[PDB]
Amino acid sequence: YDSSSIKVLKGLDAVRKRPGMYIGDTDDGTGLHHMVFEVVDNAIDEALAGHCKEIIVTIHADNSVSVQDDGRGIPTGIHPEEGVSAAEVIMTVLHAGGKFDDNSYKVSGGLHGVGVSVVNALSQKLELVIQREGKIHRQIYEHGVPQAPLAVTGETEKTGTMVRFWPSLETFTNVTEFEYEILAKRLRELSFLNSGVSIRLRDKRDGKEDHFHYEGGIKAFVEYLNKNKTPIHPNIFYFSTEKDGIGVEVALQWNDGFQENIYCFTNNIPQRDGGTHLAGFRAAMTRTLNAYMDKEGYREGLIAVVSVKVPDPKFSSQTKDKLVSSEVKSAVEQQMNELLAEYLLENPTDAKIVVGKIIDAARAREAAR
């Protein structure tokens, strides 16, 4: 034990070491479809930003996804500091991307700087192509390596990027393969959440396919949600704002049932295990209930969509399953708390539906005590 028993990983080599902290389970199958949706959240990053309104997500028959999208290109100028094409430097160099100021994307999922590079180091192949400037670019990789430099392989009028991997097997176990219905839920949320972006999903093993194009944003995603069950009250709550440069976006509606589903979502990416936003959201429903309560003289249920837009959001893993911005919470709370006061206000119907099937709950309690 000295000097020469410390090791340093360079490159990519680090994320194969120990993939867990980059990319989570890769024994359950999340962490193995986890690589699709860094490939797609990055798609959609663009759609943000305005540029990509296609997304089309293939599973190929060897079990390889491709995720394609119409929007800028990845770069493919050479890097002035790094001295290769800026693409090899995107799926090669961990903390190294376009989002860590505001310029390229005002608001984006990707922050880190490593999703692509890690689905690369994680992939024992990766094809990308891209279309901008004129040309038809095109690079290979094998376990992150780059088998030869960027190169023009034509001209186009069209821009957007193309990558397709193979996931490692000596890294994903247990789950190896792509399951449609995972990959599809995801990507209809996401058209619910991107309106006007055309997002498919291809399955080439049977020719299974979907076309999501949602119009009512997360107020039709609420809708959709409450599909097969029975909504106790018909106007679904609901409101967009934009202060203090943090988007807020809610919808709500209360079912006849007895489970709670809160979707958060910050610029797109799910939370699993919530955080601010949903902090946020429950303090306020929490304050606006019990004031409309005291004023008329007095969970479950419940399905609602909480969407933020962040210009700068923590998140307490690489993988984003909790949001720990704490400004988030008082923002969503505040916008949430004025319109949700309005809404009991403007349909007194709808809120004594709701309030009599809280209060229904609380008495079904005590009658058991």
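Positions refer to the first chain, counted from 1. Compared with the form deposited in another entry:
- Candidate list 216, 154, 25, 186; rigid-part hinge between these two forms assigned to 216.
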Given for the second form:
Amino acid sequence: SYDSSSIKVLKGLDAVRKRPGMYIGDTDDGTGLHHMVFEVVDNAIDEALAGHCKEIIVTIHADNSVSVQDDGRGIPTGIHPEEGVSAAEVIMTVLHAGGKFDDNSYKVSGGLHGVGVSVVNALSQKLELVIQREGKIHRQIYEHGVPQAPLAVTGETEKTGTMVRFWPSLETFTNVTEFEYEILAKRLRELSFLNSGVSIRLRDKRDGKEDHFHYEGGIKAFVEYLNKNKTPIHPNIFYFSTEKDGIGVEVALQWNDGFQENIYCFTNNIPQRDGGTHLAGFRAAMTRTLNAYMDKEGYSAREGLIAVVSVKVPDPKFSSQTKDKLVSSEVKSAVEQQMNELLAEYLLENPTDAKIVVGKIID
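Previous: the form deposited in one PDB entry; requested now: the form deposited in another entry:
Next up is only this chain, free of partner chains and other molecules.
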């Protein structure tokens, strides 16, 4: 009775719906449901990273669908030579298909695996796709990942970008099934801080609530925001942004009078809740530099610390599919070297701050 007929192949998107834990996570507590939005948003953010998108609009509709509109290049619409259908349709229906498997379309991107928006499509009762590029509006509708018709041109336009609207499948998501404004806002705010000069809008058509995230100060402003209900002890937030040997390293940090340590790490705008090689470089540099300073100034650590570490890595390697831990070993040295040089300079250039912080560490 255990023979060839016992072996079942899950074709295309059927695997996502069978095993949503592997692709979207927890389908009952709300984190999976909101991750559906964040997969779409992070694809727009990647167009921003590539220097093509300047505005992202996220709308929660009154029917519990969510749309994300960007003004990037537009998902490619042409027939895919190998697959024989539009490239858009390939993207929406095929796992491990995308433009981030080399560095020709995006120098750096949060997307890595070629699955994210295809997972969204798989787990949506319906998904509407509208793409503007090459002077044309292209439209397609999917139901449970199945396209109604081939992607079709329906009008002319002088704009470029991609709009995805999706209605989450209640055959997949249970319990927490309505989108929460504040979960979406928290991440969208973080992304405005991490991406200066992208305008991000959030609109709730249920109650008319709206936000426009377009913070001026970048990850320096992020740190200020993170400290705003705490009591910063010194006024000059440490900040730098560099790019060397293909790796971007942007750091800000400020101490408050508390005793907790909050270090927020990101790789291509994707958070690492479990740290990794960027966090290891940051911690090594902090220690070495504060010690060197104390020694050279003639005295005899991360309590109260708020810090943001955002790296830009062409081909990052993580411990898993979740991207929770960065394992790219060359990033350790990239963070560490930049932050030993620049934090040293900061302590020299801001002696009142330096004295206050060192003060605290002693205690």
